[PDB]
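Chemist: Spelled out, the chains give:
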Amino acid sequence: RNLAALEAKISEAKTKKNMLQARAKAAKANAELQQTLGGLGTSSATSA
Amino acid sequence: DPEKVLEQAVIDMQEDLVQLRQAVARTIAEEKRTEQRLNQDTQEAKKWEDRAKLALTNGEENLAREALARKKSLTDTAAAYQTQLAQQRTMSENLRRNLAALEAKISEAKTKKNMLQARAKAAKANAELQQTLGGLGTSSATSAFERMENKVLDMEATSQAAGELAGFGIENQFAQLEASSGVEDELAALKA
Numbered sequence: 155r156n157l158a159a160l161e162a163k164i165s166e167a168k169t170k171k172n173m174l175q176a177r178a179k180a181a182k183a184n185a186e187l188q189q190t191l192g193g194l195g196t197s198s199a200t201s202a
Numbered sequence: 230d231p232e233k234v235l236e237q238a239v240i241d242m243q244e245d246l247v248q249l250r251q252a253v254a255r256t257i258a259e260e261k262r263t264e265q266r267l268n269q270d271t272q273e274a275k276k277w278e279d280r281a282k283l284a285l286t287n288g289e290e291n292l293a294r295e296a297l298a299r300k301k302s303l304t305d306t307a308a309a310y311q312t313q314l315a316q317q318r319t320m321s322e323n324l325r326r327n328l329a330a331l332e333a334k335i336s337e338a339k340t341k342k343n344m345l346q347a348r349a350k351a352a353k354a355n356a357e358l359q360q361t362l363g364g365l366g367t368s369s370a371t372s373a374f375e376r377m378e379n380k381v382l383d384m385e386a387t388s389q390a391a392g393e394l395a396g397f398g399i400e401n402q403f404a405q406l407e408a409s410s411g412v413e414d415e416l417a418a419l420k421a
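Going line by line, the protein sequences match chains S and U. Quick note: the numbering used here has the first sequence finishing at residue 202, numbered continuously throughout. Quick note: the numbering used here has the second sequence finishing at residue 421, numbered continuously throughout.
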């Protein structure tokens, strides 16, 4: 019974962390795309 | 270690049961030898009685009484060896009963300790399995999740910093884009 509970805890913890890491990486990638789409070189164009 | 001490006690008991086997075997030989002595003394007592019968047949009562005095000495010596033998018989049975009790005590003590050691080892093995099934790495997993949560809070703080900064003209440009989309819908209605 301890082994069955241990395997369940390991499996759930591993898969939950893996999908959380994947979604966190996707979320920060989208945030950097929106930030870089905002942060255009408008001051350099204005200086020209 | 108590397991090494009780194993040494069982080894010492193997030496003791060999010493008691020797003491029994010696006592068995002493009873058999004193039986042999009294048996041959009583056969010599018969020879001296027959020597007396020969003397009486010849009329020599002097030699007959002398031969009967050898008979008396031999039968009294055989009675002394029977008395000595009675002490050997009781000692032989005492050592026999002590050996039977000793072997029973050794056998029971050895097997009871062996099964107690086996059950104690199985019990502590199960206790360590239940302890290790409880004692999982949950603090290390939580520390990894806390590092990811700190990076999520950095993205929330970055989103708050962008949200306070990003007040721009572009919202009025989106109202002009929606007006231009309305002109394309009016051109579509004209085409229809």
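Keep in mind that the hints were calculated from the coordinates and are not lab data. Some hints here could point you the wrong way.
What the hints assert, rightly or not - When the alpha-carbon atoms are kept at most 20 Å apart in a straight line, the in silico PhoX-like pairs for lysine-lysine are as follows:
1. 342(U) with 233(U)
2. 301(U) with 233(U)
3. 168(S) with 179(S)
4. 261(U) with 233(U)
5. 163(S) with 182(S)
6. 380(U) with 179(S)
7. 380(U) with 170(S)
8. 380(U) with 168(S)
9. 282(U) with 300(U)
10. 282(U) with 301(U)
11. 380(U) with 182(S)
12. 341(U) with 233(U)
13. 233(U) with 350(U)
14. 171(S) with 301(U)
15. 339(U) with 301(U)
Chemist: Could you work out which of the previously given hints the structure breaks and list their numbers from low to high?
Modeler: 2, 4, 5, 14, 15
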